Amino acid sequence: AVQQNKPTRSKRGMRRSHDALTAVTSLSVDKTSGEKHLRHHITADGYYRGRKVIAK
Amino acid sequence: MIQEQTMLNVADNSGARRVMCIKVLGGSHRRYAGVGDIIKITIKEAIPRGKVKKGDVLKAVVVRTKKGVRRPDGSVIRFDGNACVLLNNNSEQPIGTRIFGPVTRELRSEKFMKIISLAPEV
Amino acid sequence: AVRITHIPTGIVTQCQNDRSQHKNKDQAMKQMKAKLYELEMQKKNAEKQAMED
Amino acid sequence: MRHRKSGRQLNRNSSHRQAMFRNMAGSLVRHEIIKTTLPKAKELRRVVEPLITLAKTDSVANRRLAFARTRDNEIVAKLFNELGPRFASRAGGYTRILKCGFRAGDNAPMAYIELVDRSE
RNA sequence: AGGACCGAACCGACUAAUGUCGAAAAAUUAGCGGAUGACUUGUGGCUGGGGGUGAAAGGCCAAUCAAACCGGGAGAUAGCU
RNA sequence: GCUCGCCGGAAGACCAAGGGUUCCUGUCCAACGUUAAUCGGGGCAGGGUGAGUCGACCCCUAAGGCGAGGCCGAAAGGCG
RNA sequence: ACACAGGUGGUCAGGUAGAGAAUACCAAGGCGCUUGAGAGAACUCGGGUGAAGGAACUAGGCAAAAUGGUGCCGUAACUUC
RNA sequence: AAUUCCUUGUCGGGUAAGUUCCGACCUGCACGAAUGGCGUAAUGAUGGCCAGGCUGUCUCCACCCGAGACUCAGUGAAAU
RNA sequence: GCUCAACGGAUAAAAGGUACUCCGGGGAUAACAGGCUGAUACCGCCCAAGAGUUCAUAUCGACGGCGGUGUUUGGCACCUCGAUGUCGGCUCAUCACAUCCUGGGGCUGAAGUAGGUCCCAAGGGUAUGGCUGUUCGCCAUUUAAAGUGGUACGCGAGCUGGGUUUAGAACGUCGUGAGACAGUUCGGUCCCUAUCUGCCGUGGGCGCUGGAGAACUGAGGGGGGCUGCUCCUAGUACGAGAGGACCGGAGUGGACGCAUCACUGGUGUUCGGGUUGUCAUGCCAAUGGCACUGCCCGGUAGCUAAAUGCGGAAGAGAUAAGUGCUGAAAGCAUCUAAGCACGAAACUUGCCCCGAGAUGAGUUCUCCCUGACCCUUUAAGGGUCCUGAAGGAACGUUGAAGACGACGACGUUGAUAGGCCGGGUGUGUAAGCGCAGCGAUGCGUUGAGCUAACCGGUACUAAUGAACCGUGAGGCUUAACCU
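Residue numbers (the authors' numbering), protein chains in the order written: chain B, 1 to 56; chain k, 1 to 122; chain 8, 260 to 312; chain n, 1 to 120.
Simulated from the structure, these hints should not be mistaken for lab results.
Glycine included, C-beta positions come from ideal geometry on N, C-alpha and C.
This list has only true hints and no planted wrong ones.
Chain B is nowhere near these chain n residues, computed Cβ spacing over 12 angstroms in every case:
id, residue
1, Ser6
2, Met20
3, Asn62
4, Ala108
In silico contact screen, one side only, chain n against chain B (beta carbon under 10 angstroms); selected entries:
id, residue
5, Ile33
6, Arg96
7, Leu98
8, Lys99
9, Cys100
10, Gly101
11, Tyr112
12, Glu114
13, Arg118
14, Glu120
Can you make the complete structure from the sequences, with help from the hints?
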């Protein structure tokens, strides 16, 4: 139903321990534009694996 | 798949036609009465000059189920009725002399040798 | 509440007359003996009926 | 359980689901390429591919069926006259999925779906 | 013709589920009762607190009812907390 | 803009009541909107309501209220 | 109290089927309900179907299921006819 | 009996079994005549009780369609 | 002196109801539960006529006595009246043994068989309904048995509200009346999103003193443990007749639990078809939308049961009650104190599952790493550059894997997924055309057409090379081994 005692700030510090967000470090590079696109994701300008596939 | 509070047709010249099961014999807490079992029943509808009467309890063996029976070959023999044959609850022998409708081979036991000999088919 | 029976004669009494257990029990003992007392008179009436017959 | 069960629900009742992909199918062949969510595009491939397969051959029976599905006259004009012929050699696998960036609003993984011909 | 029958609008609110810090300080969904009458409703008046009104429960009188609300007696009194 | 779906004796179109600029246009995005907002009944500036025939006002009155004198009541006041 | 599944008087109200202002699909016209994208576990809510039996569950046939429309024939006891 | 404590009163019907129900007896704990008595067709979102039909109520649950639950992004409570 | 019902006399003038109730307080004081006690209840022993054919020690047992358990009712008010908030039913259980069954034994007035009584034992199992608000109880039909109790008379932050104790109403009795009741009779809101402990599952970090990938031993723990029927041995043993065996063997059911869809079926709103109303494609036709999938008929893969297989051990060691040998004490006798052998579903294992966080961190096999100058507590050290392996992780395509993680397959040296081709399966003779008919419609083409998840192939599409993490030969002491 509800709490009985007030959990300390120390207890909360352990609850959010696993709440740490993660970095990606999966930064791939383009071959032509050399831009920094994610793995398997197209670039900003629409280049992917050395090909202007987005046509934009 | 026959149990208590189940209406069955009687396939004999006993004098009753509308019967209602009350208990399935055999082991303890059993739930179903297969095509070759014994069950305690009552009588709901009987002919006037019959051999039995309304509200009379005695054992009875079933011979036909709508559920059918699987044979050791994987084939089943479903029917379109729940037929039972009455038995004298103390001596377990049939009280009727004329059996109506087809029966199955599953009655191949000494308690039903006379029954199978009077059926019209199977 | 108490419920004493007299199995040889089957007669039963449910003494809810008083409040406390033992009070009802002995009154039930009083009630059951009272039943046997009266029922003995009816058989005695069965005794006296035939004498006139 | 979903064991060996294919196809996705997509938070929509079937009636809405089949009608959703139907309007999506025509929009694809009209522009050769569109941008949508990854999951929808991953399931769009099981819709347009049989149509293109039905487009590879041309018959009065098929064109009616191609109209039975997709319920459109202008779209079927795109098919059997452009896609059917230009995909005569191609045997299966007519679409291509390119995972673009996430949608800015709900961080939904957007993906680009196009036709493998698209000469330009 | 009918305080007649079936049944929408309208009025009412019998059963179950949902809800119970709800969408809502009594509603929603599915079936229900009446529905030409003692029917229902819009507008504007009359009746007032131990009084009003009441097909009468002690119901209702601005979400508040065996006694409404506001202010003043009044910092009432309190062998009790 | 092109398809799709929903209500359709209403989730449509007009008046009375009641609110009070919420209506239109330009412009802005902090706060408000249960999210974002280049949107808005949100901030800011300007603009918009034209009547002998529509309605109210006005003439005549219902329930009812007020009430010259009058009647009654410590006073207030009440009935008429 | 809110951008609240509620309440708010009067007018007009089409096409087909239909007895109808019921209902169903559409017109005129107005809208997609102001958080969404995926997953498709237990469990909860709203529902569909279910072999054999058919109330044996249970305080209780509560809920559901089912019956359902038009015309014709036919229709008991009882009765204030 | 909407009235009967002892009492599930005692007998018949109903069921395989009936503290409830329908008839009957009378010992009316503590019925009774406008504190109205006894019957009464019809009516009733009314109390109790059987039969038919029908079904997932149940034996025993099984699968499936949607909204949550769960994960991700945004805003972000309450009782205690 | 009338004068103080209660006689230190609230003034010598004074009764009741309240269940809408309301306010102020109390566990200082009751009801449920817990507590101390154990009158009572329950159970177990002692003395012992008698009853029983004879004989009390087959059984029961008066006359009285001695104790135990804490399940009946009570006693006392210790806890709670700034709440412990309810009887029964439903679901889910768990423990005790004084045992209802099944097992092992002693005695008999136990012939046979069936019973009665007592001792050991908790392993596992310990009904369905009618009636009642029900526990209890009565009846019906079984069953191997339908055990006795504890666990807030188990369980309502799990469900119901029938009972009962809120407000309405009626009946009978009592009361002048309000109203009450050893009473009964219709109707009557059951609130809560879980911080912590606990439990069922599943992950991350770190440790395991070098790092990583796999396979196991195994402490410890859990699940499992029921039983009926028929026949054979033998219609023998036993028995005057009637009846009717222990032991051992084989086969088949009931209940329960586990696993799996090949069969029998259910579901199968992603598959096919028929069909009512209505809207749209100009129109007919052919289709599509909507009306719970519009209403229905069938149905693949999955999932699942009512379907199909399988399990309960046998056995071993040590024991309980119990059964004996030899032999004492006590020259005899004696299962007993030395010593030895049997002896239950009970104990430990045997069967299956988890399992090295078992910090006691184990065992086995294989693989990988042996660059530099300074600082300097000269330290199992640190700074920077050159290198960063085995392998992992991430990302991606996805699974009969799954809430999320995790675990599994694969990443072109490729069949992971989708698509395509073919088959299979399901649905039932498509559309169009020709012919016959006044027409609906029939017939031929055509078991065709259309076919979700199944099977076998094909890289047509998407799984990109590397980047990121992780290192650079692993302290001290002693023994035994190499110069």
